[PDB]
Structures are given as structure tokens and as C-alpha cells.
Amino acid sequence: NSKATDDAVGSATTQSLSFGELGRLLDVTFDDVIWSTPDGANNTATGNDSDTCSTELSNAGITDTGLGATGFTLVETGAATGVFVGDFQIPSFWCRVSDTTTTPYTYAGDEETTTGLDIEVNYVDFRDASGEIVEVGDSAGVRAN
Amino acid sequence: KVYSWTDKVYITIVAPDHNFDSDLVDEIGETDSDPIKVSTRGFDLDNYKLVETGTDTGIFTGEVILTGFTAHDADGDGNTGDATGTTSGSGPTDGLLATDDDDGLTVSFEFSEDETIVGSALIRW
Amino acid sequence: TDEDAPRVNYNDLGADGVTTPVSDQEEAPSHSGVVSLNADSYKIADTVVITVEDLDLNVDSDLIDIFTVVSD
Amino acid sequence: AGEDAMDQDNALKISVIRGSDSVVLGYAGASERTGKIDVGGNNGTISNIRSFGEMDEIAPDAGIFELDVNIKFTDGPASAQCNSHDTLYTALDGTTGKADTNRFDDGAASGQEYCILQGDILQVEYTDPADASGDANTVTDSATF
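Protein chains in written order, with the UniProt record's numbering: chain A, 868 to 1012; chain B, 1374 to 1498; chain C, 796 to 867; chain D, 1085 to 1229.
Just so you know, the hints here were simulated from the structure itself, not pulled from any lab data.
C-beta: ideal position from N, C-alpha, C; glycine also.
Watch out, some of these pointers could steer you wrong.
Said to hold, decoys possible - The following residues of chain D were derived to be distant from chain B, with all beta-carbon distances above 12 Å:
#, residue
1, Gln1092
2, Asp1105
3, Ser1135
4, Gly1147
5, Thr1180
6, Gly1181
7, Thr1211
8, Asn1221
9, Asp1225
10, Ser1226
11, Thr1228
As the list claims (entries may be wrong) - Derived CB-CB ranges, DEER-like:
#, chain 1, residue 1, chain 2, residue 2, range
12, A, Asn915, C, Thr815, 21 to 27 Å
13, B, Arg1414, D, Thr1179, 48 to 54 Å
14, A, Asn915, B, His1391, 23 to 29 Å
15, A, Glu943, C, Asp819, 32 to 38 Å
16, D, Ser1226, A, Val1001, 54 to 60 Å
17, C, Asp811, D, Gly1147, 18 to 24 Å
18, A, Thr970, D, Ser1226, 51 to 57 Å
19, A, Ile1000, D, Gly1147, 40 to 46 Å
20, C, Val847, D, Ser1115, 24 to 30 Å
21, A, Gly928, D, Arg1117, 17 to 23 Å
The whole structure should be built from the sequences, with the hints applied where relevant.
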């Protein structure tokens, strides 16, 4: 929670630069908001009701409260393939981050259903083809019937 | 164009400007900055959400049911309560509105501040 | 049959890490027992034989299923 | 390819309507519990309503959930046409009494008894937690006695 790269792929060590966070490798965002599990002392918000977001997620039975909870990690396909494959299951309920301008993140007091929201990933590329930092990601939507 | 009481109306809005994200079903009427105002000649609902039919269609669809008023014996058996008169609902599908037997529906949409596009309907037997 | 068919349940930890269950079911319907005689007419001591075809009376694939006659 | 159950609490409502009066048979989707019969949804407390449990999926790859519920001849709106029988009401709660309050939240009006007549409409209420728009949605199906 102390580091600014919480719930992000990478390393605990992180330095702030003009291109973002050094320790931030890959992030998954719902509605362009990073999916993070409520933790620390900044998750005391309860929202419109008296139930905290973490307690609401626990009551809903969603153990996938964040990227770290799911255990999602990147693993190479082979010894020298150079292609990394990682996966996780989309939860029915997620806790929206109220603001990303503070560490640890301050989470909203109520959860919302992920259906209809657009799920977007962002892989931070330290060296592009010309050998510099280029931000690339993909987009998808959480369908519902 | 013409409705009776205890009837449901499907509200459709073609607003390509509000299709903010192609992979996200956009919504309107949620906040006070972008309000949706449904109203009769005496009753109204505030902050009524509307939902896009598709992820990248640009058309918003939602329905409200006119619950009428409970002060009438429509069945003629001699007791009130024929229609559960109640004004409630804020989502795109659970809107409930009370409406007199002689009233008029009004739906107003805002696309920019101090600018509003409105729709009208009438209620008869 | 249909929604009430015997279904076996088995939890599993998937490759992603969730404990999603995997289940399979197979219908166990019944059959209309048909009993008939080998001939339309029989003589005295003609050794009539009763053939009963009904798969639901088989209660073991190993042992030979038999049905005695009550003497009481 | 696995077992699924509709675990949403009280998402399904089963009710019988005769004109301007309505009576609810119970609720489905939550944990099975003992409860009485409410008339017109007057009882604000939902824990006192009978629960039929979670619906079970018909096939591992179907997505359709079926629940078997039986309706007694007493499970209907009160009317004076049924005074011909001094009906004994089977208790739905833990008590063994045959009084009216044992099966229904409130006693029937004087001169009237709970019953179902010819032409009564049987309706099922289901609240979808996420439609194609990912919000609350109500769908109904109706049958006529």
C-alpha cells in the first residue's frame, strides 16, 4: 500500500518520473480506473450506506477484490519464446478508486457491478522499436445479457 | 403519442454526442450537470438514468411506467387502490410515475448548459 | 431426466486460480416392461416360457439378477 | 461446464393477482428459510417471507435455472365467495397451528377467506441484477387460472 505501484505488475521499488512510475509494468482498468483491492488506512469510506467497500465485497463473496487477490502474474510461454501469457477471472463486483492522486489509494465507499464497463489493460513498454517509452494497451467491454 | 393510465412508455433518445466510449455503454441523466427530467402535469421524476442500447450505437433507451392515482374506483367494485399511485425510481428501468386520467407526459433532455430538447405526450381514456 | 438427471459434481482449481466447479450429468430413464409368450397356443405340458424384457430390474452388472416365487 | 445456482437474494418474486388485489407466494434466490405469506407486499421486513431457496441449473452448459414450487388452494387473495368452506390453513412457519396467521402475515378480513378463483392471473417477477445495460431490470410472465 505504501508504494505508488500498488496492485500493479512490477516491483515494489518505484521512482516518480515524467513518464509515470518506474515500477509500473502492466495495469488493468475498468472505466479507465485502475482495479485495486481496498487496503491501508484510505479505505475507510462507506459511501451512501454504512457498509465499507471491503466489507461489502466480503459479504458479496467476491474474493477477487483486486489484481493481487487473483494471483494474476505474467509467465513466459517458453524458455526463449519472449511472449508472456497471464489471465484472471472478471469479478461481478469491484470497488472503484475515488482518486489516484494519493498513496495508498483512497477507495470509494460502495462497490458497483462491472457489467457494461469497458475493461482496458495498459502494458508499460520501457523500450519501443526506436528504443524509448511508448504507452500501448488494448480495450474490451464486460458484456451482460 | 397517446397513452392511458397504468401504461408503460418506452423512451428512446438518439444522442451520438454522448457516445463517449465505444467499448462502454454510455449513460445520460445520472448527474445534475446532465439531467433527465420526466414530468407530468403535476408530477415529475428527477435524475432519471438512461442507458445506451449498444456499446457503440449512440442510442439511449429506457422505459417508465405510469402508476396513475389511487383515488379512483376504476373497477367499480366500490373500493380504491385500483392503481398503486407511487412516484419513484432513478434507474433506467424502474421508473414509476403517478399520472391523472387527464394529464400529459413530458420528457426533457439536455445536451449543453442552458439548452434543452423536450418531448411531449398526452394521457386520455 | 432433464433437469433432475443424476449429476456428479467436482470442484477444481483452474489454471487462472479460481475454484470453478466442473460437473457432468447422464440421464437415467425408465423402460416399459414387455412380457410375451413364445407361441399363441400351447398344448398340455408344452413347456411355456415367459420372456420379460425390462432393463430397470437389473440391479447389478456383476451378479445374475433373479426373482423367486413367494411361498407363504 | 459446471454447476451454477442463482444466488442473488430475493431476485425472483412469485405472486397471484385478482384484479386490484395482489398476494405474493414467496421469494426465490436467497437461502431457503421459513416464512409466511404476505398480501400486496405490505410487510416491509423481507426475512418473514417464505424462501424457496436457490434455483438449480438444468444442465451444466445450459444457463437455465428451474425451481419447483407447489401452490395450495389456500394461497390466494381473500374473497367472500370462499366463505362456503371454513378453511383450515396449513402452517408455513415453525408452529404447528392451523390458524390463519400461521400461513399468512395477517388474518383474512371478516367474512372473507384466502383462495383462488377462476380467471385469476398467476404472474412471476424476476429482477435481473444486470441486463444488457448492466443495471436493474424487471421482467414478468403471466398465466391465467
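Hint check results:
1. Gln1092: Holds, because the least Cβ-Cβ distance between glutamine 1092 of chain D and chain B comes to about 16 Å, which exceeds 12 Å.
2. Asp1105: violated (8 Å)
3. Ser1135: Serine 1135 of chain D clear of chain B: closest Cβ-Cβ about 22 Å, beyond 12 Å.
4. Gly1147: The assertion about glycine 1147 of chain D holds, with a minimum of 21 Å to chain B.
5. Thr1180: holds (35 Å)
6. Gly1181: holds (30 Å)
7. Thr1211: The claim breaks: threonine 1211 of chain D does not keep its Cβ more than 12 Å from every Cβ of chain B (closest is about 9 Å).
8. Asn1221: violated (5 Å)
9. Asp1225: holds (16 Å)
10. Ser1226: holds (14 Å)
11. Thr1228: At roughly 17 Å from the nearest Cβ of chain B, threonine 1228 of chain D sits farther out than 12 Å, so the non-interface label holds.
12. A:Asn915 to C:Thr815: 21 to 27 Å: Distance hint for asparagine 915 of chain A, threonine 815 of chain C is violated at roughly 33 Å.
13. B:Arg1414 to D:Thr1179: 48 to 54 Å: Holds - the Cβ-Cβ distance for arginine 1414 of chain B and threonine 1179 of chain D, about 51 Å, lies within 48 to 54 Å.
14. A:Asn915 to B:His1391: 23 to 29 Å: holds (25 Å)
15. A:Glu943 to C:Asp819: 32 to 38 Å: Taking Cβ atoms as reference, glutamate 943 of chain A and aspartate 819 of chain C lie about 34 Å apart, which means the hint holds.
16. D:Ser1226 to A:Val1001: 54 to 60 Å: holds (58 Å)
17. C:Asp811 to D:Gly1147: 18 to 24 Å: holds (20 Å)
18. A:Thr970 to D:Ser1226: 51 to 57 Å: holds (55 Å)
19. A:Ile1000 to D:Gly1147: 40 to 46 Å: Distance hint for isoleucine 1000 of chain A, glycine 1147 of chain D holds at roughly 44 Å.
20. C:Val847 to D:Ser1115: 24 to 30 Å: Since the Cβ atoms of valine 847 of chain C and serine 1115 of chain D sit about 47 Å apart, the hinted range of 24 to 30 Å is violated.
21. A:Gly928 to D:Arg1117: 17 to 23 Å: About 18 Å separates the Cβ atoms of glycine 928 of chain A and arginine 1117 of chain D, which means 17 to 23 Å holds.
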